[PDB]
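This document opens with one chain alone, in structure tokens, the form deposited in one PDB entry.
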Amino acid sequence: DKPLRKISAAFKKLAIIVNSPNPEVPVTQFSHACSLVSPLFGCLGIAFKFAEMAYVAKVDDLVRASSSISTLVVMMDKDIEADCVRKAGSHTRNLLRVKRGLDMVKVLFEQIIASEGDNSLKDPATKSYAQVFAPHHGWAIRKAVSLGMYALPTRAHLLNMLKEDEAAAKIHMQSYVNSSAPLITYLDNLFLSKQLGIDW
């Protein structure tokens, strides 16, 4: 019942698996881990419940994909063979949006850690969003998100919703930051090594 701990435990397993040469990452286990992140977006206010749904929709596709597909590589190789990589709703396309979700949380976590003593979430939330999603979300979406900033809870309140004190929240947020880093790099390299790009 400790959402940050579930997140930290799940991504630590992925970081371990992935710090192997030639890793075999199960879609099942990957999408499960990703869904553990979902509630964080809920904790960022009622406007951002919509950001949660947008994230949850992508993760849910990875979940359905995992019923008939073993690894993230196999998933991308299928889409590559059907030439449907960037088609709206393809597993690989959703995979890329989900990777950004993870990065989003990671940078948010960094920004929150680097802004201790500030009880407001506005600066960490806008900086992390500008960095991760500004190059990809259109003007329309970004305007909405910018409006969403006005419903942000306090820092202390967020922590209360995650049921952590300052010290514990810091350890589990830092853990996710540590674990998610090589995973994101691994996911980026999956797209780069197949010349798909990460910008679409």
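Between two forms, the rigid core is the largest collection of C-alphas that superpose within 1.5 Å. Positions refer to the first chain, counted from 1. Only residues modelled in both forms are compared. Compared with the form deposited in another entry:
- Only one of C43, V132, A47, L36 has its Cα shifted by 2 Å or more between the two forms after fitting on the core, and that residue is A47.
- Taking residues common to both forms and aligning the rigid core, Cα displacements of 2 Å or more over three or more consecutive positions between the two forms occur only in 46-54.
Taking the form deposited in one PDB entry as the starting point, write out the structure of the form deposited in another entry.
If you are looking for partners or other molecules, they are not here, because only the chain is given.
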């Protein structure tokens, strides 16, 4: 089906889990949902090429992890026990970056919705990247991203690539925004509650 619909369906499900008492988020289900977001970065063009190493490789690792590890909590606790939380390539470091990817797409969608009537994606792309990723990327990446903003598809072109009209895309984006918000909060709080921080 259409990429935004796959996304909204999968995250609705995740929202139910996190909004319930004693949530257990399976690594399989979380990593599959996160993989549905990947095609979005590609639709945005060269500006978001960083997403392959920054997001896709990370989801790939969680996909791998999911065969032997039950939940995100158990996954994090294993890395804590092994004292390898901030190590390059740890599941937990990867989870934190995946969280940022989910957040950037959330903010992007919010801004696209807020700017209905402007056929340019420049502000929404620039704003969300600035809010979510800019504080963690080095100079060269930030400069490259900014330059790549001239290569964004128009708003109408993007809708066409995602195979939706304005009304339908609005609903599915809003749905992801509503679903992903408590998930992102859930994830932040796992890090915060285990005294790991979220700014590294």
